[PDB]
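Before any questions on how it binds or moves, here is one chain, the form solved without dihydrolipoic acid, in structure tokens.
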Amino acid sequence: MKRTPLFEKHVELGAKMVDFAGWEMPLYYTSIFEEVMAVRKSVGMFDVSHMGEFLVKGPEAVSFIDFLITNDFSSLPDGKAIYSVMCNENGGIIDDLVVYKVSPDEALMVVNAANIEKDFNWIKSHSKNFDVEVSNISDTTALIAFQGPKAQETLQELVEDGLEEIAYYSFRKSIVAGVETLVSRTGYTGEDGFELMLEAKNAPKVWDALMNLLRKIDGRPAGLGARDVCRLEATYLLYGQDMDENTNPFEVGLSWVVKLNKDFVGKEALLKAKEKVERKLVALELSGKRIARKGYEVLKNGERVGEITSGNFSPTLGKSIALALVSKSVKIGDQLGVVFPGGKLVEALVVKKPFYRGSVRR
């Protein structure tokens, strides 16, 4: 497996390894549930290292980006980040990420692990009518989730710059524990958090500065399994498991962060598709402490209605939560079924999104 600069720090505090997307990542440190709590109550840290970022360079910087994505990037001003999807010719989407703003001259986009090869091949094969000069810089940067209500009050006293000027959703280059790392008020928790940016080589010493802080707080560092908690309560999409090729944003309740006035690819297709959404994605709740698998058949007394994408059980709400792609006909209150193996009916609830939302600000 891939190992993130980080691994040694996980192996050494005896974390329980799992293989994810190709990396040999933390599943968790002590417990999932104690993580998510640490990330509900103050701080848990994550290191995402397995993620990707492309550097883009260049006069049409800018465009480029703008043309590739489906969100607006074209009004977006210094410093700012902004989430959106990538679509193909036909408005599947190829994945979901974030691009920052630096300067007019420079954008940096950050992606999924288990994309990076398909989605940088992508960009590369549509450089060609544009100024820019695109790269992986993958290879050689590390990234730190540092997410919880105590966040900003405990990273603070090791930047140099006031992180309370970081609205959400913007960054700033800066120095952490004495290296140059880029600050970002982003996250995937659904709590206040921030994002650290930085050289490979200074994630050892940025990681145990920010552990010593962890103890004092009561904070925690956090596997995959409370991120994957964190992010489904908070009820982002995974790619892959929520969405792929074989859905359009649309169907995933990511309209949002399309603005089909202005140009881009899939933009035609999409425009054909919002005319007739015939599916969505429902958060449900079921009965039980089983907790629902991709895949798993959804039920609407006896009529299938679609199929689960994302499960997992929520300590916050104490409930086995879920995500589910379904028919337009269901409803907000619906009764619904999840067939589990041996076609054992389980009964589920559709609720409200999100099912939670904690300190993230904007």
Given for the second form:
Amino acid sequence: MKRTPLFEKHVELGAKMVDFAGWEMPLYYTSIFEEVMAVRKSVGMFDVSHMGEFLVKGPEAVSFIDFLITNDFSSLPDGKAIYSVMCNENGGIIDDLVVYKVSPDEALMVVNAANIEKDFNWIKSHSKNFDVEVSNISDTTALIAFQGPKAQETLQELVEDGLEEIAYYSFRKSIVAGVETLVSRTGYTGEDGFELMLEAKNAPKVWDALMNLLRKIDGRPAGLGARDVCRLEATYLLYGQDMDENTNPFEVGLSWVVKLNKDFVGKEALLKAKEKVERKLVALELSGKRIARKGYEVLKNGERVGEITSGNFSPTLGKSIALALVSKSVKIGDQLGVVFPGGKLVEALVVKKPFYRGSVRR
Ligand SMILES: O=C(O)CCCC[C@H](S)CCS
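Starting from the form solved without dihydrolipoic acid above, please write out the structure of the form solved in complex with dihydrolipoic acid.
So here's everything in the complex, that chain up top.
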């Protein structure tokens, strides 16, 4: 499996490993529960160096990105990032991503680990009519997520610049633990937090420095188990599970990242799709302790309406929770049935999204 520059640190910490998107990653160090509460009460640090980073440089960096993504990148000022999806000609979701507007001539794209190759090829195969050069800097770039209500107060003593000045989804170049870093107020937890992008060679040092500060405030390094629990509670999507090229943005609740007033790949397809949204992604709270898995059929009074996309147990709400792609007719308050292996039906209630909102800003 592929190993991030912090693999050795995870091994030393005695973490239980799991294969994620071809990477040997830490599922948890102590327990998924302990790590989730760390994110919810103080701070949890995640190694997300498996994520990819693409750099677009050139006079038409802005128009190129705007042509590729569904969201409005043309308006974004320097130092701002934006969440979005990148669609194919038929409006299917190729991947969701975050794009940083460094300057008129430079943009950085952060994409999912499993889609690095696919995304990069897609992006390169579309640079032809744009005065830009696209490069993949994933191989030498690390990314650390420092999340929690006490994330800012704990991280600040190692950062050369003021963090309070950095707004939600804003970023800046600074120095952390003596090394250059692109610090952003972003996250996948629903709490306040930051992500630290840095040269891979510097990952171990920054990580060690941060670990030292965590043991002081009862914080903890957190694995993928805790990462999934927190994002699901926050009701954030995971490409490959909650959506893929067979779903358009409107079907999974991402209408807000699609700006149809501009031209972009999949635009025409989406105009027609928007007129007939027959599916929606709903939040479910199941009875019992059994956890739903992707693919389990979802029923309404004995009739199928969809299927589970993501499932896990939320210690924050103390319930088995799930996301499910179902027919438009499903509404909040509905009583549904999730079919577990062996045809065993488990009751589930449709609830207003998101399940939980923490200290995350703006
Ligand atoms: O391995 C697991 O059990 C799932 C955790 C997946 C981690 C997060 S939810 C995805 C990274 S974008």
